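Next comes just one chain, in structure tokens: the form solved without the ligand.
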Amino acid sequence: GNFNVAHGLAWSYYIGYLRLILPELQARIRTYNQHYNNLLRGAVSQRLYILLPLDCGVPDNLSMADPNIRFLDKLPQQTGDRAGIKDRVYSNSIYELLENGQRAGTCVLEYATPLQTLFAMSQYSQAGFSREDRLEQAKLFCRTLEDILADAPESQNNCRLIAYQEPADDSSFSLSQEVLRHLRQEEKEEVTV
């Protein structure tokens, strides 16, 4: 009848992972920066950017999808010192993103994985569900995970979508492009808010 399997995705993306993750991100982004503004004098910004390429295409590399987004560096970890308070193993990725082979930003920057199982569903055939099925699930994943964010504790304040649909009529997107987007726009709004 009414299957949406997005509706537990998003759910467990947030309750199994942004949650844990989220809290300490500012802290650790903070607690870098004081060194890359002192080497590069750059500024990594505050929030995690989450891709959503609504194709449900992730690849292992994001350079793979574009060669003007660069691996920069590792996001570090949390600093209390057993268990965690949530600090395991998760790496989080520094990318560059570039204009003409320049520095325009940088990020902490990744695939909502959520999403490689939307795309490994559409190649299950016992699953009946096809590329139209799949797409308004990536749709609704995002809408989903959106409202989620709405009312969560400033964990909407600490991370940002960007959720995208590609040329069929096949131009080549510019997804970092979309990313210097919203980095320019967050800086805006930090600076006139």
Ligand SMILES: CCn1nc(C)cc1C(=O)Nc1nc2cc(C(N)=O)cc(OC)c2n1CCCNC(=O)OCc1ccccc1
The other form holds:
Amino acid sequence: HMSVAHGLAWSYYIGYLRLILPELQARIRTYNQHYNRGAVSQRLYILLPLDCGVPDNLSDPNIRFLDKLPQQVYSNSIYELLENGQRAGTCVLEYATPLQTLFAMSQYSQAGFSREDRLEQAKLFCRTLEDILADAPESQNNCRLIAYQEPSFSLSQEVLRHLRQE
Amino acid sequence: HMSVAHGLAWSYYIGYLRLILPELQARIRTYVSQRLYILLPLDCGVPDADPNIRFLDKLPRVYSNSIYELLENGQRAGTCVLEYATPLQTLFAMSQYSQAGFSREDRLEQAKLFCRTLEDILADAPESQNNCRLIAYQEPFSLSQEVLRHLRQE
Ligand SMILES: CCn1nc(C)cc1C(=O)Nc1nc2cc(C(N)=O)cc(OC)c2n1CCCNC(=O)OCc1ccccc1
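Previous: the form solved without the ligand; requested now: the form deposited with the ligand bound:
What follows is the entire complex, opening with the chain shown before.
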């Protein structure tokens, strides 16, 4: 209840996920009802790279930006997940911002924080966030956490493994 | 670093202050003191505050900040871009949510740890010392006087 990763998971929920998820299904449903290659899935897919290697802003060639999810100010992007050149799925995808902070804390002396500490805190953040989202009222059936560690790796396949299984 | 406060201080810098401060002086110069004044109430009571702090205009990632006129005796004594440190709202919410297991004593201790951690980060950050001032305080009071004590001394 006092760790670095506990503070970050509660902040990401309090200051962002609790304010965006109550209206996320309505925005996806509106875009699906109004427009149409494939229906956009009803959940927010949050990428959780355990190595905390999050691009500055956001990101594989098989993950093509399709459009922005409009409001009923949050810019949420819809991506087309490709396989063999053709679209295999489509969803609102984004990186878990607090993993950038865990990476920065490991790079700056002022924090200390080793590479082993960062990897342990990243899994702890993922666990704490999972536990928050399981019991949170504003996050019932519209959020899926995608945690993974790169060792042949495809980010599009990791998201497709979760989209097909739902 | 070690605790909840350290993660919040580094997040506040990484995800917001490092992206907004490089261009803050240019926005103020285009449009008021040249620094961002961040209110840090140690009780984490972040609402909005005082009749002597009147909203003047908006300063035309980081998306817009408010300029306020600090009054004293009915007349304007200063003007600056002022805002609350959002992570203190999170410390307050963590104390109000059971699944966080964070007491009122924990919240006050983490609030001070956050102020000191963010002051150290900002002293050595290339995002610059000249564009940001932290205003930490605990109510036993005028919020306009606390800001004026820092504006006049700079
Ligand atoms: C605080 C929650 N948190 N704790 C940890 C740890 C990580 C996060 C996090 O990822 N937060 C987050 N992510 C976002 C993503 C989006 C999007 N476009 O998808 C929008 C958002 O909200 C506009 C997002 N937030 C909210 C805060 C960031 N914005 C900000 O500081 O804005 C300055 C500002 C100041 C005055 C006026 C207007 C803006």
